[PDB]
Amino acid sequence: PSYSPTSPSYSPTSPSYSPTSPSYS
Amino acid sequence: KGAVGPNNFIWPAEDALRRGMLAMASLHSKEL
Amino acid sequence: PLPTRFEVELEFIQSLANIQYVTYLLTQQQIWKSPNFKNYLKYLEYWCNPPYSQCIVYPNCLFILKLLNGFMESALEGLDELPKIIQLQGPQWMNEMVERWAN
Amino acid sequence: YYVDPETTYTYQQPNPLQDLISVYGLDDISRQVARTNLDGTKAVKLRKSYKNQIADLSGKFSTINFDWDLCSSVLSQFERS
Amino acid sequence: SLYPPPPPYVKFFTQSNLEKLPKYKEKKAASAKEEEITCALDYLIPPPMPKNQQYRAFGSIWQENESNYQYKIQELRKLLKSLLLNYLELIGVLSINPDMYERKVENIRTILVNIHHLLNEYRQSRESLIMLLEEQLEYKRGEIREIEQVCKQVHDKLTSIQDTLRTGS
Amino acid sequence: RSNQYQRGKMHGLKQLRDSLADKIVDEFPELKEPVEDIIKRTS
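Chains as they are written, first to last, in the working numbering: chain U, 462 to 486; chain P, 34 to 65; chain H, 379 to 481; chain C, 9 to 89; chain D, 455 to 623; chain E, 2 to 44.
Hints may contain errors.
To be verified - With a Cα cut of at most 25 Å, we get these calculated SDA-like pairs of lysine to any residue:
id, chain 1, residue 1, chain 2, residue 2
1, D, 532, C, 11
2, H, 462, H, 475
3, D, 535, E, 23
No lab work stands behind these hints: they were computed from the structure.
Next comes chain U alone, as it looks inside the complex:
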């Protein structure tokens, strides 16, 4: 079968690096 599933390695603490710039109208 499946020997072992993968442990949840989520990193919500990661801040992300989305560039924000086109806000001014």
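Fit chains P, H, C, D and E to the supplied structure of chain U, relying on the hints for placement.
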């Protein structure tokens, strides 16, 4: 929640800072 | 007319309360690397006394800058944890602000 | 506060409570094309359009600068050909 | 961008400027015996409070023992009675001649608006101070009274024990 | 149908304001005098 009421927020409004004169002051920082 | 330095410094202090603003400011390397910004942050500390404190609009930044003060001896590292930690510690920090003011 | 004895409002004319049909003697046409007669029976059969107003005239309506003399002469020449 | 740039003067003040600030302000005070920016060190000098004691922002202006109200009460009561009377007259207008009903509607609102004005002078911070005052006062009295009650009951128990042991002697 | 609706709503409004005037006179006698004038202002 869906009705954006002006001049009453828990935190400072981004639109308030955009409409604040500090924006043009930074734009006119050369004139300073 | 051109606003005075009072208005711009007060608006900067009140905008420091935003978590998005703090995350953006700490995202850039040269903002924290340059000692000028932290020197200005320590200069801003003198607004915690009256009558200057009467002119503030959001008292939360009063601790945030102080929290930012702690950031100079805690490290950048911890930037990722900033939103989670502020969301988690909002209750007790609001309680201590109330104790400092409302009592 | 707003009680002004000098401010008087008159009755709206004509009064909707009264029989507005008979105010100006306007009952003749209403009786002529009334839905039912005085006894409640149907007076005439009712329909939609103007077709039955031309049935008396002869015909089968199943589905419903200028020189006149010169044109008449042209038509006469065309018909005679 | 979304985030406005930092203020410009922030970048002028290094650690050397901070450490040389005392001698700079001493020299400035000696010389002195809108502020023109003749030196880069001028901003660290605390800004002076405006003489008008006013601050403008976003189009809006900003600037002792707690550290005939009956006239207002009767005015409010007569205003409420007149408001009810005007509501009755306005609904009668709607009943008979509603076409001009609005002619009274805003009028009634003015009275309501006046009611709001009548609230403005009555504004309540002192009343909140009073209510908090009595709640913590009564709480501390309750705590105090239970303290002497419990210590007195302990003392009574001790005296009863002393009598009991004296009887057993 | 519109005329019948108009007449019925007129009768309803008339009874509404009659009852309201009667009760305002009852529990508030001091305002009784203007209320009748209100009728004079309406009727």
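To see whether the hints hold, each was checked on the structure:
1. Proximity of residue 532 (chain D) to residue 11 (chain C) is assessed by CA-CA distance (about 13 Å); at most 25 Å being required, the pair is judged to hold.
2. In summary, the hint linking residue 462 (chain H) to residue 475 (chain H) is supported, as the alpha carbons are separated by about 20 Å, within the 25 Å threshold.
3. Between residue 535 (chain D) and residue 23 (chain E) the alpha-carbon distance is near 16 Å, which keeps this suggested pair within the 25 Å criterion.
Consistency note: the structure conflicts with none of the earlier hints.
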